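Novice: If you want the building blocks of each chain, they are given just below.
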Amino acid sequence: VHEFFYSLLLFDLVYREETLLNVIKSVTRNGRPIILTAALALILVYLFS
Amino acid sequence: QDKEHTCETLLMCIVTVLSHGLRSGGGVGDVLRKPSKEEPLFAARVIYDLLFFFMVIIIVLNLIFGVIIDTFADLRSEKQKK
Amino acid sequence: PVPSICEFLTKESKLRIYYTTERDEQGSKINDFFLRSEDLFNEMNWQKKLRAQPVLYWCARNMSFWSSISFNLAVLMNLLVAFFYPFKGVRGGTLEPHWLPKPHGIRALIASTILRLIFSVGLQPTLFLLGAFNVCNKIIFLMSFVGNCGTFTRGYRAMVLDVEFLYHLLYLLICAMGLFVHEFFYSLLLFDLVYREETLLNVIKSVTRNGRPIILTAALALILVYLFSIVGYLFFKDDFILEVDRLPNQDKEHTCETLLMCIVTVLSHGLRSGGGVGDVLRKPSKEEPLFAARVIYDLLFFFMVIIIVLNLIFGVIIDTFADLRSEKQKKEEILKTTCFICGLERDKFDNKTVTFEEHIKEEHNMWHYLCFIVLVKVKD
Ligand SMILES: [Ca+2]
Ligand SMILES: [Ca+2]
Ligand SMILES: [Ca+2]
Ligand SMILES: [Ca+2]
Ligand SMILES: [Zn+2]
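Residue numbers (full-length UniProt numbering), protein chains in the order written: chain U, 2408 to 2456; chain H, 2522 to 2603; chain R, 2211 to 2309, 2327 to 2476, 2522 to 2652.
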């Protein structure tokens, strides 16, 4: 189809690498705290607007 | 280059604040027009800018980053123990 | 034999008593556990009394339903206010078409009815109807809450003293004013998300647990900017030229004429700018007699304030947010691997006769101790 589809193949680096998976698990392990904090930021900017 | 009004609708006003004030490093007071010291609402503008900066930029984003740091230390602690 | 009244505990109260009991400076949970015995007895009495009312019991048996309905309706009306305000002017759609789980189907049907109502009758009537329904659901929830808690038998001093009841009354008042005064009052209802959510409360406690360090650091930053503004007023009076624009009934303007305005300029522009105060002051030439003074002033402001004080506030926040995790881990680990009553450790039961698991549910079960206390209290 298009040569640009080879860009998605870089995501295999996370699968192949063990340390990068841990660095990602840093943000995905407590992702609910982060989602809730983002919602709180949305509430604050809504009030300020 | 011509200026344009953006807070005519509440949705556009929210979009302006959330897309410019949040991304700017100095808060929302940098995208709004800067007032003179003779305005009746100069103090109100100063207080609004400072409150936005302190509550959002200083606190909430740093709080997200602190969450990330604490999790990234919790993983190391449990891995060391295991 | 366990008393007959002991069967009137909800699981929620049991979990709360198991989790929220604190060790004393002795290292024992016995005193705090005993201090809640009379409260547990009184609420068992109220639970037994609630049997005779078949409708109040049904209403008080559905906290989750009323709370979830109220929260969902609040967020729905808040998005509807945000996206379509002001409601002056309606644009129709009508394109070439248009536009197993039971709870998902119910939510989808409710959303379909809501969208048909908003596209059929209008915006303001829909908002009014939604606000009225929210007020009705809130009063139902309030009746359910007061029925389940049952503290109204203690007199109106109990209503005044507690805070959850007061919080719900302010919630209801805000809903009523949003229905009657202005639609913008529904924005305050988003603060119930912090109340409903457990993790967000901990993330807030990160900053509120040592808030005095942060207040003191902010005061120190104010002192530093005050000193820097004094120095600037003394030596760099004519460099405080800022850009302004006058609205009709871009020209520069002097701002450090008064010490108050000079402080305001420094504190509102230098502190917010990422490069210090040297970016809002007029930039000098290399032939000026005070070029080195300006460079030193800019660098000192940057290094002392931007690099140090703000990062120090953030470090305070990080350290508190790690302290909470440390103490929670310690408390939960003590909870898991130690008998509630005698306080013995798990390793004492490694291979002797009976294991720890049956020890903490047959011979030192705390619920049996509570039953014995109730029996002694109720038996003649
Ligand atoms: Ca920007
Ligand atoms: Ca950040
Ligand atoms: Ca600025
Ligand atoms: Ca910072
Ligand atoms: Zn025992």
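Because the hints were derived from the structure by calculation, they are not lab data. Possibly wrong hints are sitting among the right ones.
[As the list claims (entries may be wrong)] Okay, the calculated bits of chain H under chain U, using three or more residues with CB under 8 Å as the criterion: (1) 2536-2544; (2) 2578-2586; (3) 2592-2601.
Cβ coordinates follow ideal geometry from the N, Cα and C atoms, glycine included.
Novice: If you count the residues of the stretch 2592-2601 of chain H with a beta-carbon closer than 8 Å to a beta-carbon of chain U, do you get 3 or more?
Specialist: holds (count 4)
Novice: Please count how many residues of the stretch 2536-2544 of chain H have a CB within 8 Å of a CB from chain U and say whether that reaches 3.
Specialist: With 5 residues in contact (Cβ-Cβ under 8 Å with chain U), the coverage given for the stretch 2536-2544 of chain H holds.
Novice: Using a Cβ cutoff of 8 Å, are there at least 3 residues of the stretch 2578-2586 of chain H near chain U, or does the coverage claim fail?
Specialist: Since 4 is at least three, the answer is holds.
Checked against the numbered hints given earlier, this structure breaks none of them.
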